[PDB]
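The data below hold one chain only, encoded as structure tokens and taken in the form solved without the partner chain.
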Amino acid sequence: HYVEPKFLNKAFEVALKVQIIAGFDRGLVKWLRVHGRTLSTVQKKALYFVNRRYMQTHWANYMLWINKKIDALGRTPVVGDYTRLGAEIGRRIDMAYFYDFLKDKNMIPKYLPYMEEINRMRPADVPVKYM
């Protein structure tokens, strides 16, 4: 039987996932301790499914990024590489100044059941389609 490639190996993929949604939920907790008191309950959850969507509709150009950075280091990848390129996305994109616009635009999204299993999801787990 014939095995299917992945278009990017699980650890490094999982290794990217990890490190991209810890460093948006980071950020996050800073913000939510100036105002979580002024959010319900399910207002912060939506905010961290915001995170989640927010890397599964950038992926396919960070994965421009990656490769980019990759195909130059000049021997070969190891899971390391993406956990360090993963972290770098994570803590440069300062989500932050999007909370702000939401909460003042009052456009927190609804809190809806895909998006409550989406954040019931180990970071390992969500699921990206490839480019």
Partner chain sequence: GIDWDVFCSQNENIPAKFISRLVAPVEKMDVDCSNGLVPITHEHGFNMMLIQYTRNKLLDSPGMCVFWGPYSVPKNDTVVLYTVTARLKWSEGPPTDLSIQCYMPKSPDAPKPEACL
The other form holds:
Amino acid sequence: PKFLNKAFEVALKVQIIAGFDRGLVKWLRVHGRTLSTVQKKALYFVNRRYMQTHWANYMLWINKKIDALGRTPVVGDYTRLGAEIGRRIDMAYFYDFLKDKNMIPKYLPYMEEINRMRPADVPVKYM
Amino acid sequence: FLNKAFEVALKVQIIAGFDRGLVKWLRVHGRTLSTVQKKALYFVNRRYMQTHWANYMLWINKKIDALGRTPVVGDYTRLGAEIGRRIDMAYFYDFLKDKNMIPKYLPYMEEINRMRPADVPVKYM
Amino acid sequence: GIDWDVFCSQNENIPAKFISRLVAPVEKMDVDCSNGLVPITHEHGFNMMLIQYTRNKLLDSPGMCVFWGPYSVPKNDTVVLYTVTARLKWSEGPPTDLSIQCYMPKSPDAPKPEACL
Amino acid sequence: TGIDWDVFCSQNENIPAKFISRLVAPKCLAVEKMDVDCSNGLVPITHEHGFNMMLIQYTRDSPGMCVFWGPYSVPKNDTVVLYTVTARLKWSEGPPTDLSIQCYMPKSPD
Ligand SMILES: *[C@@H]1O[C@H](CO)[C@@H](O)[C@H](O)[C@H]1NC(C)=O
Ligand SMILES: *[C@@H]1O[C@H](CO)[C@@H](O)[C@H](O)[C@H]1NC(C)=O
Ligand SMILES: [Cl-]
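For comparison with the form solved without the partner chain, kindly provide the form deposited with the partner chain bound.
Now the complete complex, all chains and molecules, led by this one.
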């Protein structure tokens, strides 16, 4: 009763969040002086929540690539595709927008909860 | 794409129905209107038929096909009378009067108004 | 091109009025409505059309165009949006895509607790 | 109960619009499905409880890109055009919520 093997999901999520986070570190080296601690934590949450929100369309794209492989997939295929998602998305549209508009979300306990979990454990919905 | 007699039956009945609706409306709200404004509304009836001829033809073709037999002119008289009765032109009369938007009466409107309903040109899509 | 406007009503039972003038020396126009693709012929000069807010029903007027919608809109939770679009194909010219939009107020009903509670 | 959302339109085709939405609801109410009707296809979204965000592109590698429908002419105004998508939220109870997401783009040239 699984939509996707758990190992494939974990590979994807780890690589996606890692890529988003690398982008956020790069952005914070420039703009991080202006932000409070809780705002920075809120942007880390924004990375994980963005993966949550868009997981289903990510799965459309992933399923296309996997199908184009023409063979049974292995975990390495999902590691690679998750890294591709993590690199290609430019989260700075959101970081810049939220900073400039003073719209960084107020940091709440559910955000802290998501931030404390390992990326591998961030829950996602396939449908 | 329609025999001329059928087209004429349609146009005669549609314009006649629109005009009767306009008569009923004018008995109530017509006192305030100039003669040329009333003429502009008669034109509005004929032009409305022109603008909507193609979608009316979708509807008419649907009915005629539903007859399940070769149609005769009387079928088009009936269906055209139905269109002429059913369209609520009073929404337009009310709006145009209330908003002071009755179109200025122009020569092309007079030209169309002078035509026999049977001769009002229509475009088949 | 065409000089047009849509005149929206204050009541869903009163249709909107689309009024257009072609001032020029339009092959066809089609309006994408919730009850289908409605063809319109743009004669020279004045042209009119009604656009209905409420659902398609059997004894509506033949050829009626029913709005798509209602849609929720941002920054006002007390109003809804109704819309159709139209495409005009000109002689040898590029097509024109029109957005025909009307806002209607919601009924201001008091909220109620979510059933699952 | 519903979602509290807004769209933040850019005045420039090079900056995608920002869709930002928050769901404050009892945990027993969920958005079972959400779909955004874009000119390049129907893009599925999961509207989680709390904060959610999405980009909408004016023009068209990466998964999930949503491009506006349009541009559309608007009446009586020759200096702007309309870009739009719609979305449907299907809830765990009650009628669906249909959103109109609209942005006006200054017209080139006026
Ligand atoms: C929606 O909000 C706008 C501005 O906030 C207001 O002008 C308009 O009247 C509102 N609509 C309704 C139906 O109240
Ligand atoms: C066209 O719309 C813009 C806003 O999108 C507005 O500033 C401008 O005044 C409008 N022009 C006219 C003629 O109404
Ligand atoms: Cl709709």
